[PDB]
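Q: Next come the chains, spelled out residue by residue.
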Amino acid sequence: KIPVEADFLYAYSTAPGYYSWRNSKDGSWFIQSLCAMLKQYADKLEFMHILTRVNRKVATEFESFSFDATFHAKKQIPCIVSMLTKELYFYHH
Amino acid sequence: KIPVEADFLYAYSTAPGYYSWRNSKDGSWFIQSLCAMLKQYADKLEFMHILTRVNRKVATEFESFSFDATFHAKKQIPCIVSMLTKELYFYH
Amino acid sequence: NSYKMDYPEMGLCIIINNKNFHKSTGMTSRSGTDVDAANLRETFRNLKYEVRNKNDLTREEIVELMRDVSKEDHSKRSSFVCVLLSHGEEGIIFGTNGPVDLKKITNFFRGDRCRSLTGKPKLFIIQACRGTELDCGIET
Amino acid sequence: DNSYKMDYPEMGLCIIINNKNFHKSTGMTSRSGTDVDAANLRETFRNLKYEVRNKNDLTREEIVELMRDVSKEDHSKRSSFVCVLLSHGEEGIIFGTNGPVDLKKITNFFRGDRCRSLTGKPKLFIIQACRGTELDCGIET
Amino acid sequence: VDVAX
Amino acid sequence: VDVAX
Numbered sequence: 186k187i188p189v190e191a192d193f194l195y196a197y198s199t200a201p202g203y204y205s206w207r208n209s210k211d212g213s214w215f216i217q218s219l220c221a222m223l224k225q226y227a228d229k230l231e232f233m234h235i236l237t238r239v240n241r242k243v244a245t246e247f248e249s250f251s252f253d254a255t256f257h258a259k260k261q262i263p264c265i266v267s268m269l270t271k272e273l274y275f276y277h278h
Numbered sequence: 186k187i188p189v190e191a192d193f194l195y196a197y198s199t200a201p202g203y204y205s206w207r208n209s210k211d212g213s214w215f216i217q218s219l220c221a222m223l224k225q226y227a228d229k230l231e232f233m234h235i236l237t238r239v240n241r242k243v244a245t246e247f248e249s250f251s252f253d254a255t256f257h258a259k260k261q262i263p264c265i266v267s268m269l270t271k272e273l274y275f276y277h
Numbered sequence: 035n036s037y038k039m040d041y042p043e044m045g046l047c048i049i050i051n052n053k054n055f056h057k058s059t060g061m062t063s064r065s066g067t068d069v070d071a072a073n074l075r076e077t078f079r080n081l082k083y084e085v086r087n088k089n090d091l092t093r094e095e096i097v098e099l100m101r102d103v104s105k106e107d108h109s110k111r112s113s114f115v116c117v118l119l120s121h122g123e124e125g126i127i128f129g130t131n132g133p134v135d136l137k138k139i140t141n142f143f144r145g146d147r148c149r150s151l152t153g154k155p156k157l158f159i160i161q162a163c164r165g166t167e168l169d170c171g172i173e174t
Numbered sequence: 034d035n036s037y038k039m040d041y042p043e044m045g046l047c048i049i050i051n052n053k054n055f056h057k058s059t060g061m062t063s064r065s066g067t068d069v070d071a072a073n074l075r076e077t078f079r080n081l082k083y084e085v086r087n088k089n090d091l092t093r094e095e096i097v098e099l100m101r102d103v104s105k106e107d108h109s110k111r112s113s114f115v116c117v118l119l120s121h122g123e124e125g126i127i128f129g130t131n132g133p134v135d136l137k138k139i140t141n142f143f144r145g146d147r148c149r150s151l152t153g154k155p156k157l158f159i160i161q162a163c164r165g166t167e168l169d170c171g172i173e174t
Numbered sequence: 002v003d004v005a006x
Numbered sequence: 002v003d004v005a006x
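Residue numbers (the entry's author numbering), protein chains in the order written: chain B, 186 to 278; chain D, 186 to 277; chain A, 35 to 174; chain C, 34 to 174; chain E, 2 to 6; chain F, 2 to 6.
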């Protein structure tokens, strides 16, 4: 038998306790990154390694721009929570 | 500039809200697996992949044994929380 | 090793996109979210997932939908993907009218409540706030 | 670069905090077998070239003082940082020999802004402890 | 502009 | 035997 909570992967856009950012025109920083990285690496990189690249892209290429000084120049880092027991590949043999 | 919460990795012995298991003589299931997997794959696999192995070993090879039916035959799944931005290799 | 991904189908990909909320919530329209939902649809379509887009679901409808999906037969599917795009807090995701704990949604897919997915990867992609802290970053 | 630079003079520190005995006030029983773990970790991290440091039975306060002192150290020549916590605990909480201590408090000493010599470097926290009182019964494959 | 979620 | 942590 195996744990009932096994084989779950939670890809969180941001760190626990933090705000998640969204561009009013291009969408959420996380989803944009996730889609670019998947389209670019889903055919050869394992999922965890792909989410790591999403982590780097969001953390390095995004900075908030707001007219409200309070919410301006802020950063974000996604949060991968894995309960997976094996590697996850979207391609075949 | 980078996030202040970046480059952190939290390897939890168990899932949020759950008990973590330890064997009175052999030790905690998590550390046992973690040390075993580290000894075996640190020279090859990236850290995340090694932690995935720890997840499988703990989840499949361990089951609680207790004289109290309540805490008997219970399982455990570790929980990896990564805010790393790069791949982690212990070798060069 | 790796998850078996050579079943007849990759699986279902449920996208719940909430843009408009009831005024009582205090959250204004989530502009840009449609671009996201569309982006995700095209991405998962190329990965061969049967994508199902759902827009503006009340919290009751989100639980209703997840319950129904967890009761379908996934025997011929390799995995399950669920994307939630909406406002939120720690462990909480917002329907158009109110909050719903994430734990209540994912529990429908626990290894013991969804037998056709046991041992199969279940991915939950969550775009939503998890509190109100701000990361100011540091230079290098 | 897709990989962390691990070719610094040193791999870094590996602080292992093993709490086996607790104050009667707490109520938790001793953690037998935890010494086997602390010992196993030491040997493992030694092979990975980490500078291991074992700390046994630390109070809630002594834990914060240790972490703060380590964070104020200069890691300019270290590739990373590892911190292992073996003890009783609750969600987000780690138990010192005398009382509860929030985890967020320990890790914060190492945030990119509070520990400049570790900015951009891997900071790993291995936490062996409970995170609630839920029991996983499992399911037949 | 960027907004929070 | 196995105990909780």
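Read the hints as simulated data drawn from the structure, not as lab findings.
Be aware that a few hints might be false.
With a straight-line cut-off of 27 Å between C-alpha atoms, the simulated DSS-like cross-links for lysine-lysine are [stated by the list, open to error]:
#1 B:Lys271 with D:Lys186
#2 B:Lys229 with A:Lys110
#3 A:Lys57 with A:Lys110
#4 C:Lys57 with D:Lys271
#5 B:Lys186 with A:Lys105
#6 B:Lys224 with A:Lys110
#7 A:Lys53 with B:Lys271
Q: Taken at face value, is the distance from the CA of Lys271 (chain D) to the CA of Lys57 (chain C) at most 27 Å?
A: 44 Å, violated
Q: Can you confirm whether the C-alpha distance between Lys186 (chain B) and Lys105 (chain A) stays at or below 27 Å?
A: 21 Å, holds
Q: Against the 27 Å threshold, does the CA-CA distance of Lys224 (chain B) and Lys110 (chain A) hold or violate the hint?
A: Within the cut-off at roughly 25 Å; holds.
Q: Is the straight-line distance between the alpha-carbon of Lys57 (chain A) and that of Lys110 (chain A) 27 Å or less?
A: 42 Å, violated
Q: Please work out if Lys53 (chain A) and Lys271 (chain B) have their alpha carbons no farther apart than 27 Å.
A: Violated, at about 35 Å.
Q: Starting from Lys229 (chain B), check that the Cα of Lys110 (chain A) is at most 27 Å away, please.
A: 23 Å, holds
Q: For the pair supplied as a hint, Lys271 (chain B) and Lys186 (chain D), is the alpha-carbon distance within the 27 Å limit?
A: 34 Å, violated
Hint check: violations occur at hints 1, 3, 4, 7; the rest are consistent with the structure.
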